[PDB]
Structures are given as structure tokens and as C-alpha cells.
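Trainee: The chain contents come next:
Number of protein chains: 2
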Amino acid sequence: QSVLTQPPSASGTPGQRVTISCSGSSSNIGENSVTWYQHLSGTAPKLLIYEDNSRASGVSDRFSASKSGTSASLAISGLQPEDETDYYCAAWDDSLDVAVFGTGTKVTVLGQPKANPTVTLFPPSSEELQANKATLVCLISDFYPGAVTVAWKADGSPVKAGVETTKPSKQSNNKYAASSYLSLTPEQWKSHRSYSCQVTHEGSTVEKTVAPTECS
Amino acid sequence: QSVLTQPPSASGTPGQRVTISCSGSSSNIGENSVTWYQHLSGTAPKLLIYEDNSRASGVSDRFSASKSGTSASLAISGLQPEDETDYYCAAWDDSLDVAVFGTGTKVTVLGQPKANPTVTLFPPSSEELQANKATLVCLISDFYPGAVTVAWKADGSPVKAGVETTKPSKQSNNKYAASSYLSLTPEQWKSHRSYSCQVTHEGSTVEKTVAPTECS
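Top to bottom, those sequences are chains F and E. End of the first sequence sits at 277 in the working numbering; the numbers just go up one at a time, nothing left out. End of the second sequence sits at 277 in the working numbering; the numbers just go up one at a time, nothing left out.
Hint data in this document are derived by calculation from the structure and do not stem from the laboratory. One or more of the hints may lead you astray.
Given that identical chains are not distinguished, each listed pair holds provided it fits within a single copy or across any two copies.
Cut-off 16 Å, straight-line C-alpha distance, at most; resulting in silico cross-link-like pairs (EDC-like, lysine to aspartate or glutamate) [what the hints assert, rightly or not]:
id, residue 1, residue 2
1, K228, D203
2, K251, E189
3, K167, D144
4, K214, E268
5, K194, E248
6, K251, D216
7, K269, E189
8, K269, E188
9, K236, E225
10, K236, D203
11, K236, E143
12, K128, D113
13, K107, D154
14, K231, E145
15, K231, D147
Using the sequences plus the hints, can you model the full thing?
Mentor: Right under this line is the structure:
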């Protein structure tokens with residue numbers, strides 16, 4: 062039989078230190094070495110700990126683990142917001158002859174700082190103009206919380222056609238990123254001299270403007 | 062980490078038959094035993110297969126599995142939507158007693174036709190470089206199912222470091238959009254002959270390239 066029990070979630074304030082428990086049986090944990098993984102959903106679990114308390118290269122000293130009898134624990138000291146993820150444990154099951162995983166624990170980092178987005182406007186590429194297409198991308202990164210507004214303007218006047226904005230999603234650092242793209246004609250691109258992306262986040266607005274070519 | 066390669070999506074019409082491959086070295090799969098996991102964005106993985114092919118007692122017979130040295134594969138002979146979950150392979154033992162997970166594969170039952178993505182590479186503007194920065198953007202659009210894997214190189218060398226990739230999202234045409242950006246310094250940029258963006262999508266792999274020509 063089957064699994065290693067983990068509390069569903071954990072909760073901590075930045076700089077604090079949270080403990081993740083893993084319970085098992087004597088066939089698995091009791092007798093064999095434990096392993097802990099961090100999982101972003103869609104990346105592939107990343108090994109943190111091996112052989113009960115060994116750290117994998119790239120793993121920080123903020124994460125330490127141990128095993129007591131039939132129980133194992135992971136301690137995150139210095140809770141950072143990039144730490145908000147899922148943590149799974151594992152150990153070989155002698156009687157079951159398999160690797161038996163933990164139920165998974167998701168750490169919630171309460172009261173994360175507010176991060177006003179960084180805005181970057183990309184004008185139509187060459188590759189794409191000498192291909193007779195024109196797309197502008199307004200990259201919106203490093204924001205928190207994760208809700209923003211986007212508005213496009215052309216020569217000051219509202220661009221109320223051709224825009225596509227992406228729902229924000231988490232970046233590795235636990236901050237959001239999104240994009241807004243406007244498909245125009247190379248015809249349209251040229252005829253204008255100013256294009257602009259305006260992003261509103263938490264009572265603050267930033268606008269970046271782009272103008273038909275500049276440089277070599 | 063440095064693990065198992067799995068296509069991002071696998072998908073078919075109801076009652077169809079779907080295959081999910083898993084690729085590695087003659088160190089992992091290629092030598093070890095491979096296990097398969099089933100993961101809904103609900104708490105825990107769930108072993109379908111163990112010791113290459115032996116079905117986890119109680120798993121449905123619509124699940125078959127095999128290995129052949131380098132590769133491995135799990136066939137879902139009975140595609141029904143309760144199968145619409147992520148799937149993971151795992152080899153076992155590079156450093157001792159650890160799981161070596163694959164990238165995960167998302168299975169979707171086609172609700173619309175397959176659509177290869179349109180990839181577009183955008184180099185820095187003159188403007189952001191005049192400001193002493195450089196960010197390339199890789200726009201990924203018009204693709205279905207909703208899942209991709211993006212990789213960046215610099216003179217045919219993987220760029221792991223400093224790339225973020227957005228989670229796919231449903232735009233106004235009913236197809237998905239995503240974007241991945243690579244943050245550099247204005248000289249980290251110009252010290253390389255070019256940068257390319259590579260998107261893998263249910264069979265198809267597209268690679269776009271770009272060179273520093275911005276007021277160069």
C-alpha cells in the first residue's frame with residue numbers, strides 16, 4: 062500500500078520558515094532514504110533533496126530535510142515568494158516494490174510585495190515585414206498581483222481593433238507576465254508615426270510609445 | 062533539471078488511441094525501469110505503470126505500456142475525457158535512489174482541429190538598447206492543442222538561464238497564444254552571432270533565428 066501522507070498546504074510570511082511533513086510506513090521511509098521534489102505544474106518535478114538530507118546542485122541552504130523513524134520533514138527557512146509551489150516526498154516501498162510518493166503540499170506565501178509591471182513595446186520585425194506582416198508586442202512582466210488592463214492607441218487615438226491580450230500567468234520568480242499583440246498591415250504600420258501600449262495596474266498607469274522605424 | 066523528454070500534448074477524438082512517448086539516455090530509461098504517472102491539478106501523482114509494463118493493479122486495461130532501450134511509451138487505447146490529465150514518465154537512479162521525471166504530456170480530446178503555431182522572433186528595439194537593456198520576445202500563436210515547449214539557443218547552445226515562458230491562453234479565434242522572453246544585457250546580445258527560438262508542438266518543431274543588427 063500506496064502513499065505517504067503530507068498536509069495539503071502550508072502557509073508562511075516572507076522571511077519566515079515553514080515545515081513540510083511526510084509520514085510513511087517502515088517498508089518505505091522507515092527503512093529507505095527519502096527524496097523531496099518541488100513541482101511547478103508543467104515543468105517536471107525538480108529534485109531538492111536526496112538521500113534524506115542531501116541537496117542537489119542548484120538547491121539553496123534554505124531547504125533542509127530529515128527523517129525520524131517513519132517520518133520525514135522539509136524545512137524552508139527564509140520563505141521567499143519563489144517558494145510558493147508544490148512539494149512531494151518519496152521513498153521506495155520494500156513490500157510494494159515501487160517508489161511511493163507523498164500526497165503533495167502547496168506552500169502559500171502570504172502577503173507578497175506589490176510589483177508594478179515593466180512594459181516593453183517591440184515594433185514589427187524585419188523578418189516579418191519582408192514577409193509582409195506586422196505585429197507589435199507589448200510585453201508586460203514582473204507584476205504582482207496578477208490582474209492588469211491594457212489599451213492601445215495609435216497617433217493618440219484608440220486602437221479598438223486587432224488586439225489580443227494573454228491572461229497573466231506566473232513566472233519562475235512568482236511574479237506574473239503577459240503580452241498584448243496588435244496585428245496591423247505593413248501599410249498601417251508605416252502610415253503612423255506613434256503606437257502605444259498603456260498598462261494599468263493597482264492605481265498606476267504606464268504607457269510606452271513606438272514609432273515607425275528607428276535605427277539600423 | 063536534465064531529464065526525460067515528452068511531447069507537450071498528445072490528443073485524439075473520443076475512443077481514439079493515443080501514444081505518449083518518453084525519451085532518454087542509456088543511463089536512465091535506457092537501462093533503468095520506467096514508471097508512468099497520472100496527475101490531475103489535484104493533489105498527487107498516481108502510478109499507472111511500474112517496472113516498464115506492469116500495470117498498477119486496478120488501472121484500466123485501456124492503459125498499456127512498453128520500453129525499448131532509449132525510449133518508452135504509454136498508449137491510451139480508449140480515449141475518453143476522464144483521461145484529460147497530465148502524464149509523467151520517470152526513470153530511477155542517476156544519483157542514488159531518486160526519480161528522474163519526464164517533462165509531462167497533456168492529453169486533450171480534440172474539440173477543434175490541430176493547428177501548428179506561428180512563431181515570431183522579436184529582437185530588442187533601438188530604444189530599449191539606448192536605455193541599456195535587451196529582451197527578445199518569442200510570440201507563439203494560433204496553435205491547438207494548448208501546450209508547447211519553447212527552448213532558446215545562442216550559437217546552437219541551449220539557453221536555460223533567464224528565460225520565462227507564459228502559460229498558453231485562449232485568444233479570440235479559439236486557438237492558443239503564449240510568449241517566452243529572454244533577458245540580456247546590450248552586449249550579452251551583440252557578443253553572439255544569433256539567437257533562435259524553438260517551439261515543439263505535437264509533432265512539429267519550429268525554430269526561428271535572429272541576429273543583432275539594431276544600429277549595429
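Trainee: Look at each hint and say if it fits the structure.
Mentor: We went through each hint and held it up to the structure:
1. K228 - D203: Classified as both; 14 Å inside a copy, 15 Å across copies.
2. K251 - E189: within (14 Å within a copy, 20 Å between copies)
3. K167 - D144: Within one copy, since 9 Å is at most 16 Å while 24 Å is not.
4. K214 - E268: within (10 Å within a copy, 31 Å between copies)
5. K194 - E248: within (9 Å within a copy, 29 Å between copies)
6. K251 - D216: within (12 Å within a copy, 32 Å between copies)
7. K269 - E189: This pair counts as between: shortest inter-copy Cα distance 11 Å, intra-copy 22 Å.
8. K269 - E188: Only across copies: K269 and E188 sit 10 Å apart there, 23 Å inside one copy, limit 16 Å.
9. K236 - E225: between (21 Å within a copy, 11 Å between copies)
10. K236 - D203: within (5 Å within a copy, 25 Å between copies)
11. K236 - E143: Within one copy only: 8 Å inside a chain, 30 Å across chains, cut-off 16 Å.
12. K128 - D113: within (6 Å within a copy, 29 Å between copies)
13. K107 - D154: Classified as between: cross-chain Cα gap 14 Å, same-chain 20 Å, threshold 16 Å.
14. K231 - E145: Only inside one copy: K231 and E145 sit 11 Å apart there, 22 Å across copies, limit 16 Å.
15. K231 - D147: Within one copy only: 14 Å inside, 19 Å across.
Checked against the numbered hints above, the structure breaks none of them.
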